[PDB]
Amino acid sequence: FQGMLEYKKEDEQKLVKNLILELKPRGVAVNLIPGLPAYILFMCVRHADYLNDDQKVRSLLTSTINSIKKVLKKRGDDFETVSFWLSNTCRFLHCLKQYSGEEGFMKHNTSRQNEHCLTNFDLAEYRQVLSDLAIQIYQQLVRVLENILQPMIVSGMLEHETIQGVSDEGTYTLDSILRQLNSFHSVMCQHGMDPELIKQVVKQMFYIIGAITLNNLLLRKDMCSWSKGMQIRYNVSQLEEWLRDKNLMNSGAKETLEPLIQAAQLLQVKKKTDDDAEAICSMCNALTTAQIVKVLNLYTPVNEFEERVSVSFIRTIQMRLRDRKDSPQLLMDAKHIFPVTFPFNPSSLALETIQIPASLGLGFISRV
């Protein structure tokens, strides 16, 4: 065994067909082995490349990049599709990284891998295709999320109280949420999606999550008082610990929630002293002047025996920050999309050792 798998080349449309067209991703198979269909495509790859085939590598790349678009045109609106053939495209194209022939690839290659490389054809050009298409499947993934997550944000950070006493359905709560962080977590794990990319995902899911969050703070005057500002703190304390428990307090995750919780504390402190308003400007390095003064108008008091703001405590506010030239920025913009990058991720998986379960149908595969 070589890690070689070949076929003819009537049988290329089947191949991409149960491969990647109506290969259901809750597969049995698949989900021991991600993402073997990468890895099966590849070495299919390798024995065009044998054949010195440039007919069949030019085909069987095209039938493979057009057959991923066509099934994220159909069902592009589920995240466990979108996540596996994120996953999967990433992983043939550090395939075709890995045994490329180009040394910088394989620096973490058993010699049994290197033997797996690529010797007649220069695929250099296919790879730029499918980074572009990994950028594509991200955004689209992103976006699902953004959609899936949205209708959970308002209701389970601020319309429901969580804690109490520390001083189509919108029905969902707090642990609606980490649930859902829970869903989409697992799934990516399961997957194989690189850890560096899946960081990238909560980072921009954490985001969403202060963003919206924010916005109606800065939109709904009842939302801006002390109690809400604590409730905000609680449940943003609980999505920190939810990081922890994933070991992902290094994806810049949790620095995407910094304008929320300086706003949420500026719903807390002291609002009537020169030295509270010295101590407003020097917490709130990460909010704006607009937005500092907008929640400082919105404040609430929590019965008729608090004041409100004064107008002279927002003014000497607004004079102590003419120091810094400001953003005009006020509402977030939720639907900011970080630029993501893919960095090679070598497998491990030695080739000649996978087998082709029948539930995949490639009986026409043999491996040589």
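Rigid core (definition): largest C-alpha set, two forms, superposition within 1.5 Å. Residue numbers count along the first chain shown, from 1. Compared with the form deposited with the partner chain bound:
In a core superposition between these two forms, the Cα of 324 is the only one among 58, 26, 324, 70 shifting by 2 Å or more. With a cut-off of 2 Å and the rigid core superposed, residue 341 has a Cα displacement that falls short of the cut-off between these two forms.
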Contents of the next structure:
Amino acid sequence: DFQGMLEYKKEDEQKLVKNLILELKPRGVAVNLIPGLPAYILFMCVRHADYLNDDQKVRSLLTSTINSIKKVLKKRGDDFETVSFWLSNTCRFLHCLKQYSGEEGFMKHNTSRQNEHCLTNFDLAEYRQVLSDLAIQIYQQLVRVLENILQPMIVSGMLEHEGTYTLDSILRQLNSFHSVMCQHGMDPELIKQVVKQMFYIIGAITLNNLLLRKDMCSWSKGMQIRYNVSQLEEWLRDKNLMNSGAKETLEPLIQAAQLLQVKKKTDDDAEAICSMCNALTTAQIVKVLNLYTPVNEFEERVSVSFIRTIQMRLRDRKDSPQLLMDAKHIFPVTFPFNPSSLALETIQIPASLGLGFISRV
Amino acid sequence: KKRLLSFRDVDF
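Switch from the form solved without the partner chain to the form deposited with the partner chain bound and print that structure.
Let us now look at the entire complex, which starts with that chain.
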């Protein structure tokens, strides 16, 4: 049987990180097969250096790994696939370091054989912290790249449409993002966070646009927004992401669309609006009511007195005086431990990866 | 017992 380790000569360490990190292509057929392969290879290399009791070699590899991943993302950090790939692999590397740490708290899902593969000489808890902090940075980068890709699509897809962007453009792009993350073996709980963040951005940009234009507050637009949100919700359902928290991030937009469709005349109508619009600030509620356009001659505009009644009712809210959502808010990310069933002693390195100078142990 | 391998900025 193999031990589940990989040996390399110290003089080949730079060649190792060159071929495994700096020049590794995330779209290669050989790394689709085992999502996380770079992380598993690195860990198996750490295992052997640990087995040799070689603290200097373990440090050099671990330091070189962080430096190389940072280098790749400085050079190709605007490519979503590259950022996703290295986020996924940084996380898998972190999970490996925990799963095979020898700490009982991380071994509950291990097979007996996997428990045989724990590190024996070095406690890498401090490195795990460094790696976690890197993953946070990569995640922030990923959010920024996805945001930049979606931004040109959002107002036309969500508000204007009843090269060129529609709701279907947004859905196609979300499908592409999600497929890529899945192909990379990104943790399901991390994909959920990414999707929550993307939905937040969609909702914030949409609502802010609605509040800044003069032509988006009508009953008909409310209907359109409702429909578009319903399609985003169906996308979540199809991807089994309805517990991601993503739908809940759209509450301000959802409430604005509802506000467009309710009656806006009586004291009872005002009470109802105050009861229903918990996710909108007073300024947002008042803005929408001031912008509202009647559907035809049988509907009227909202009166000044009605608007003042809303203000009076909401007077004791700890309300932010702000009008616009902060579309650059990023929810704090977490990387909950996700052990894998992959047996290290069975992992083969594809010959096409150019790592023939590494040896299986 | 395993030995804690130290990580600080200067290592990187």
